[PDB]
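Chemist: These are the residues of each chain, in order.
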Amino acid sequence: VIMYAXXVXXXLXXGXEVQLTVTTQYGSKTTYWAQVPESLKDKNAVXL
Amino acid sequence: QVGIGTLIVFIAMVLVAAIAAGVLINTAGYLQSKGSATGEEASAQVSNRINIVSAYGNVXXXXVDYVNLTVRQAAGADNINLXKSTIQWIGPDXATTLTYXXXXXXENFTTXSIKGXXXXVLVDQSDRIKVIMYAXXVXXXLXXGXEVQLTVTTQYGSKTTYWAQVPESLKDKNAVXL
Amino acid sequence: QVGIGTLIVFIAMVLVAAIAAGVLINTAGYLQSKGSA
Amino acid sequence: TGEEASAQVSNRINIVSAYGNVXXXXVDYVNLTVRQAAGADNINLXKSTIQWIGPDXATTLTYXXXXXXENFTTXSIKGXXXXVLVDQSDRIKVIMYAXXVXXXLXXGXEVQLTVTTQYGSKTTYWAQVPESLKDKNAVXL
Amino acid sequence: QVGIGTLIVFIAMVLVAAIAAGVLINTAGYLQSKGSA
Amino acid sequence: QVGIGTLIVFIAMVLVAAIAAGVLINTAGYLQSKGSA
Amino acid sequence: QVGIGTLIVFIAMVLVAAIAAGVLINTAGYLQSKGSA
Ligand SMILES: *[C@@H]1O[C@H](CO)[C@@H](O[C@@H]2O[C@H](C(=O)O)[C@@H](O[C@@H]3O[C@@H](C(=O)O)[C@@H](O)[C@H](OS(=O)(=O)O)[C@H]3O)[C@H](O)[C@H]2O)[C@H](O)[C@H]1O
Ligand SMILES: *[C@@H]1O[C@H](CO)[C@@H](O[C@@H]2O[C@H](C(=O)O)[C@@H](O[C@@H]3O[C@@H](C(=O)O)[C@@H](O)[C@H](OS(=O)(=O)O)[C@H]3O)[C@H](O)[C@H]2O)[C@H](O)[C@H]1O
Ligand SMILES: *[C@@H]1O[C@H](CO)[C@@H](O[C@@H]2O[C@H](C(=O)O)[C@@H](O[C@@H]3O[C@@H](C(=O)O)[C@@H](O)[C@H](OS(=O)(=O)O)[C@H]3O)[C@H](O)[C@H]2O)[C@H](O)[C@H]1O
Ligand SMILES: *[C@@H]1O[C@H](CO)[C@@H](O[C@@H]2O[C@H](C(=O)O)[C@@H](O[C@@H]3O[C@@H](C(=O)O)[C@@H](O)[C@H](OS(=O)(=O)O)[C@H]3O)[C@H](O)[C@H]2O)[C@H](O)[C@H]1O
Ligand SMILES: *[C@@H]1O[C@H](CO)[C@@H](O[C@@H]2O[C@H](C(=O)O)[C@@H](O[C@@H]3O[C@@H](C(=O)O)[C@@H](O)[C@H](OS(=O)(=O)O)[C@H]3O)[C@H](O)[C@H]2O)[C@H](O)[C@H]1O
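Residue numbers (PDB author numbering), protein chains in the order written: chain K, 146 to 193; chain C, 13 to 115, 119 to 193; chain B, 13 to 49; chain M, 50 to 115, 119 to 193; chain D, 13 to 49; chain X, 13 to 49; chain E, 13 to 49.
Looking at chain K on its own, in the form it has when it is part of the complex:
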């Protein structure tokens, strides 16, 4: 699932946390607390 964060919000810096709820058509809800690593120094890709 693709999400352009610099267009949705304002491009997350370090530490910035986002709470996502993916709700299916029938109604089932899945929560994910995607928290950016507190440091992004010399990292090409991170694991939220």
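Simulated from the structure, these hints should not be mistaken for laboratory data.
Not one of these hints is a red herring.
Simulated DEER-style distance windows between Cβ atoms: (1) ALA24/C with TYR42/D: 47 to 57 Å; (2) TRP178/K with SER128/M: 23 to 33 Å; (3) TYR149/K with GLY47/D: 44 to 54 Å.
Taking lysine-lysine and the PhoX-like style, the derived pairs with C-alpha atoms no more than 25 Å apart in a straight line are: (4) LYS130/C with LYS174/C; (5) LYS145/C with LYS130/M; (6) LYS174/C with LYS186/K; (7) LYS46/X with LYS145/C; (8) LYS46/D with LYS46/E; (9) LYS46/E with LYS174/M; (10) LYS188/K with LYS46/B; (11) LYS46/B with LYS186/K; (12) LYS46/D with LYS174/M; (13) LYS174/C with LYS46/X; (14) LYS174/C with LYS145/M; (15) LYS188/M with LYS145/M; (16) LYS130/M with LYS96/M; (17) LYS130/C with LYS145/C; (18) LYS186/K with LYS145/C; (19) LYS46/X with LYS188/M; (20) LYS145/M with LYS96/M; (21) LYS130/C with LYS188/K; (22) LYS130/M with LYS186/K; (23) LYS174/C with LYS130/M; (24) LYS174/M with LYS174/C; (25) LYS188/K with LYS145/C; (26) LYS46/X with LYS46/D; (27) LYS46/D with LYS174/C; (28) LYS174/C with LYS188/M; (29) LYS186/M with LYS46/X; (30) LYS46/B with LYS174/C; (31) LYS174/M with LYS130/M; (32) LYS186/K with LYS130/C; (33) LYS145/M with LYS46/D.
Built from N, CA and C at the ideal position, the CB exists for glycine as well.
Please build the complex by placing chains C, B, M, D, X and E with the ligands on the supplied structure of chain K, with the hints as guidance.
Modeler: Frame of chain K; chains C, B, M, D, X and E with the ligands shown alone:
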């Protein structure tokens, strides 16, 4: 007619179970997110720690004016930011808690680089950053014998203590090792 | 009707235990890699 | 119920270090430096209470604004707010007048501080004054 | 009505876990202060 | 709800280990500085 | 007439859950005092 009655009650049971089933899962949804985050932060607090390799100090006239520390990230430590860390100075005159700045003085410390690209972050195991502390701008210089207690604390809460004991004599020493 | 209600809740209890099982292993997975390092 | 109980267990307030002033020949202030625990949310120190089991008076301290009497005052060591811990890197110093709560503090005396947050998580710190305070401007209880 | 029974029993396990959780934290606090001293 | 109860108890264990780990490292910290002097 | 049956049985479940719920609450209380001491 009894068939008509049980049908409507049956519709109630599937809806009542669905509500009970639903909130049973979303409650587990919150706790698993909190449980996952708690495990990561708890391990970070234990592991992401700063090791103090060495500490020296410039000597003017006969009183130590600067206190420098070469810091290195501990074993198995992720990125450590030296701007989100506070150094607590338990000296002979004051007891302030130093914070980060940008070129030292006052009740703030500055970090110059030694080996690395970033002069404020410990990216790899092989980087050393020098923590500049102005003793003449925090207390009242640092004469002989006057020891201070420094505890560098990272943002996660890891604490490293170092007793900077000035040499008992400061005569004919341009720079000494605290 | 009680049997029907039990079956729906049974699915939730199965799924809830799976979620609790999952985080337990995944947390241990991160810890072993951090511990090994 | 699930949300509240999880906050009760998880959101806790940790204590980094303690230090206090030394006037004449005794300790008059007992300052702290608190920090959020693993995954703790916003901790409002204005809604928390500190239980003081001292050598003399054993009371429960509430919050005020500059401290004396039976209250504590919270200054901000590092952060935007000075009464609530928001980020993991926030440090707030609580100030407690030991010459107002009790009759100052001498050597050997120990204080049992229980910092209970609003939700209920309790952190206990056994502040022990050093057994000698000769020629010390500040100590580390 | 089987779903109803789960709800209150669910609430119970939240509390007993909270009660169980506490006894370790405050106990470990004592050995924390005692061990340091 | 057995899974839900496991989660909160799991949060207890990590914190307790975090407290216990904090004791040993800081306790060794003072000994390190005292021993060096 | 079928709706009368599920009402009374519903009353049984909440009490049965409450009876069971208390059992863990009070039992956890004993080990809390037992464990703390
Ligand atoms: C801890 O590390 C800091 C790193 O900056 C070091 O700082 C330097 O101390 C010098 C001195 O007080 O020891 C000071 O020296 C003056 O300025 C120099 C330069 O212009 O910066 C230079 O003119 C002269 O010193 S030197 O280059 O001959 O050594 C002197 O006039 C530096 O400015 C200062 O940054 C601390 O000394 C050390 O303890
Ligand atoms: C190590 O930790 C330090 C802690 O101070 C951190 O320093 C801060 O970095 C911020 C950013 O560069 O990441 C910078 O943020 C300011 O505020 C931003 C926003 O309004 O919040 C933005 O205006 C600017 O930053 S940025 O969006 O262009 O990146 C900036 O004005 C803080 O000023 C800076 O102290 C380090 O980044 C970290 O490595
Ligand atoms: C615990 O934390 C409290 C936080 O307030 C701290 O309180 C301050 O102690 C100062 C001193 O160390 O006793 C005291 O100093 C006087 O007042 C200063 C100012 O007007 O506030 C200043 O005039 C003088 O001190 S200084 O600026 O030269 O250092 C002095 O007359 C502060 O008023 C007091 O709030 C405790 O010390 C600490 O233990
Ligand atoms: C930590 O907790 C403190 C608790 O005092 C909080 O500060 C207080 O917040 C109150 C409110 O929650 O904003 C505010 O209350 C005032 O008085 C109320 C009433 O008359 O008693 C009411 O007018 C307003 O509040 S409210 O009813 O809308 O909630 C408000 O004017 C207190 O003045 C304020 O000190 C801190 O913010 C928190 O961090
Ligand atoms: C080395 O150890 C000696 C031990 O005698 C110590 O001196 C004594 O300290 C006492 C105290 O700890 O300050 C002091 O006690 C006096 O009497 C107390 C009471 O009336 O019995 C009380 O008034 C005062 O002490 S206290 O309650 O505040 O602790 C005090 O006036 C003794 O008189 C004193 O000889 C040295 O200080 C230490 O360096």
